[PDB]
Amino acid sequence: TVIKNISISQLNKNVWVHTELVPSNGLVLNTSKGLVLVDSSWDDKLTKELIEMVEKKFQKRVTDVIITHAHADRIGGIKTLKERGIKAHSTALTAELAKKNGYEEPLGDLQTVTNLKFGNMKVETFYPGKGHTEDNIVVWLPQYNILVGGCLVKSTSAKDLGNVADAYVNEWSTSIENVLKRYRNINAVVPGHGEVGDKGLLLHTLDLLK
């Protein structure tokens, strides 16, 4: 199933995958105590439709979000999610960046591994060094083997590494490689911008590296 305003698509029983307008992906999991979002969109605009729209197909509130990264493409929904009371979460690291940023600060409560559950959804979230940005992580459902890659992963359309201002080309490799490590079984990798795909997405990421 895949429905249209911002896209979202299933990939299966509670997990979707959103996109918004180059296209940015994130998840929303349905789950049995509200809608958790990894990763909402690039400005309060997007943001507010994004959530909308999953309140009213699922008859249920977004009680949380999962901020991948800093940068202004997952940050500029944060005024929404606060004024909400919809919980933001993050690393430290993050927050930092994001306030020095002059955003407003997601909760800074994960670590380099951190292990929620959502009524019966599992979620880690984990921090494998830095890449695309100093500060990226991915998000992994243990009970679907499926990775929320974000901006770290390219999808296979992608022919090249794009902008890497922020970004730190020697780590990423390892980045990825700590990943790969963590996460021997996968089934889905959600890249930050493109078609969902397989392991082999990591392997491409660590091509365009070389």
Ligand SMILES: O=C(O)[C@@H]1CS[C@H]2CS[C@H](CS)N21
Second form
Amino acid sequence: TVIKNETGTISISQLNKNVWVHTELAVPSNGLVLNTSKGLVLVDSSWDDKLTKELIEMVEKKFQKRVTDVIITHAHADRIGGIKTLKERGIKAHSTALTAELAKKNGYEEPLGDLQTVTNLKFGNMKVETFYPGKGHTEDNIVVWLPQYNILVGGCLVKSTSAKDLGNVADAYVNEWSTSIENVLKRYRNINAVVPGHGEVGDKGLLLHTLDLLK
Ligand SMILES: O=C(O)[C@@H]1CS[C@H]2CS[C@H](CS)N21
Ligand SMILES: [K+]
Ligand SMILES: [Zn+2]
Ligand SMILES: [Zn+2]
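I have the form deposited without this ligand already, so could you send the form deposited with this ligand bound?
First the chain shown before, then all remaining chains and molecules of the complex.
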């Protein structure tokens, strides 16, 4: 189930053979780790370089292969904070153009801007779809879908059950957010699990929960 770095800093818990969640801390942030035959792939980095370096260290050691790619889901620090570490180790950082621009705007190094509204990738082995459903928690927020496992990384668009309000809405679009959630509920009709950007893993109800927090 759950391995852990020396300090409290970091944890990784399994969902299936090839798919784990990574969580880092005062506030917990989540992403995914995908074990493929061609390398490790992360959905999202972490808060800052130190922690992203530690996360990369822990998964390379444990799975005995390299992190080759990361998918960045939006341009806030918890997503993009370890971008310097990625870029300089030759780790590919995929994102939409929008997310790339917003990163350069907030003074981060740029990810690739290679992702479109729908983009289907494959690593091995592992199939990944990225979907941009519209504006919500940020302007640029995308979700990630694993069709082989019907698994959705909702990111910071999607709130956990324990979450009782919308968090920081300074960069949010609270009218479009409901529509973009629906756009996800429409696109992906059978969901086995949903990973929120912050908090505990759940299912389709996290999305209805978020819908409810927007009323
Ligand atoms: O607005 C939120 O819910 C989250 C968690 S706490 C707050 C500040 S950091 C992170 C950027 S996604 N954000
Ligand atoms: K398949
Ligand atoms: Zn955010
Ligand atoms: Zn976040």
